[PDB]
Every structure is written in structure tokens, then in C-alpha cells.
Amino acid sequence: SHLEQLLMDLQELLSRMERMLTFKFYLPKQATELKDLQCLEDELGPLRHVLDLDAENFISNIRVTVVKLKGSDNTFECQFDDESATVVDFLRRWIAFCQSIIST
């Protein structure tokens, strides 16, 4: 239920997102496991800044969901690709990852 909540939260973000397209987000090369959600958490900083018109509660609650999902055993280091992405493609990518990781 955590994943689908994250998916809908990411679907919510993408749906109500589409100036702020100049911000540069970054993605992992591969994202196939729950522990890869660390890479999403790492980009919530800039994701918060673009989020302009108390959305803090939205990002904050996405983060707690990510922390519940990524695991507790280890601190996975994320490996980012150098190629940047708009706030839109970034959101679509993680949405796709969520749908991807649910159905297994």
C-alpha cells in the first residue's frame, strides 16, 4: 500500500505540474529495486523549490513514505547519470519506476 500511495503522490505531482523547467534534476542509470528510492529522496530538495504555487507537507509526507519503503538495513549510495532532466521527465521517470516495481 506504500508503493501505490507513492505512485499516486508522484502521479499527483506530475498531473498538477504540467521558468520551473530550468531546474535540473538527476536520475539513476538503473532503478529496479526499492532501495533505489534513495535516489528520489536525494532530489526532494530541488523538487521542493519548484513546488511554488505549505506544499512542504506534500514533500515531507512523500519522504516519510520513501523512508518506509527504501529499507532500513543499509545506506545505499545512489549513482546518478550526468544527463539532467526537467521536473516533468523526472516525475514521469519515477512514476514509471513505481509502476515498474509494483508489478513483479
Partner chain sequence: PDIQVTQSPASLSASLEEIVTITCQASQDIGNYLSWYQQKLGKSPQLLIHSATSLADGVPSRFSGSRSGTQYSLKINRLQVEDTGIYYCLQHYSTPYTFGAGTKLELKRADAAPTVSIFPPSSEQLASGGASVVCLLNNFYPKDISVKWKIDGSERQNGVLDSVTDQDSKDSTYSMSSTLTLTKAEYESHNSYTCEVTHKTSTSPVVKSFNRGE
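By rigid core we mean the largest C-alpha set that fits within 1.5 Å across both forms. Residue numbers count along the first chain shown, from 1. First, how it differs from the form deposited without the partner chain.
- After superposition on the rigid core, the Cα of residue 63 moves by less than 2 Å between these two forms.
- The two forms, fitted on the rigid core, differ between these two forms by less than 2 Å at the CA of residue 78.
- A displacement of 2 angstroms or greater separates the C-alpha positions of residue 30 between these two forms, with the rigid core held in common.
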Contents of the next structure:
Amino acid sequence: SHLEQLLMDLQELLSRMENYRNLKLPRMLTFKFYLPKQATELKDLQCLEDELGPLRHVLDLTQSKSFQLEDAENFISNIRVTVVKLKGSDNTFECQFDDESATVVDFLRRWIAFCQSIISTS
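Swap state to the form deposited without the partner chain from the form solved in complex with the partner chain:
One chain, no partners, no other molecules: that is all that follows.
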């Protein structure tokens, strides 16, 4: 499944940030992110796509100080090509979510839980 693929890529990222000591930025600093609420629909994945820009910069920066993230680019590329499929056929819909404060780790965990909840409904 496509949603199956997205979940994996997120969990892979979370794994790296939890196992590699020098990946400190995604672990220690909070940013204002779009987080998923109880409202859960494939349309809401636009919110995730809007954050992919910033996320690449996070990974690129972490890479430059810790040479343990060589595959930063196509990581985001993989994520982007998977979410665009799930979004469905629609004019891009402005993200309708609240803007909340969290670390990159917490950000991933909440989009992971989002994916897992969809899987349950299908």
C-alpha cells in the first residue's frame, strides 16, 4: 500500500534520530509544526507536505554537522512522492490545522500515529 510505504519512511527517520547520537537538532529544538488532530483524512496530508520544505533543511543541516544522514535528499523525495498520491485528486487545499509547537521527533511520532489510525479504519 502507499500508506504502508509512508508509515515505513517516517518510522525509518524516527529510528535514525533515536539511534544516532549526533542527530541532536531534530531531538532537542522545537519548531511550529502542523500536527494532526482527531480529524483524520487523506486530505490532511497536505499539512505534512507543507512541512517537507523545512524538514529537508533540518536534515541537510544535521547532515553537515553529523555525517550520518547521507541520504537526506531522496528521503524527502520518497516521502513527497508517496504523500502526493494519498492526497487524492483535488486542487491543493490549504492546511486547515492549528499551528503547534513540537520537536522533529514529536512531529514524526504524531504523523506516524496518524497513519496507524487510518490503517485501522481500512
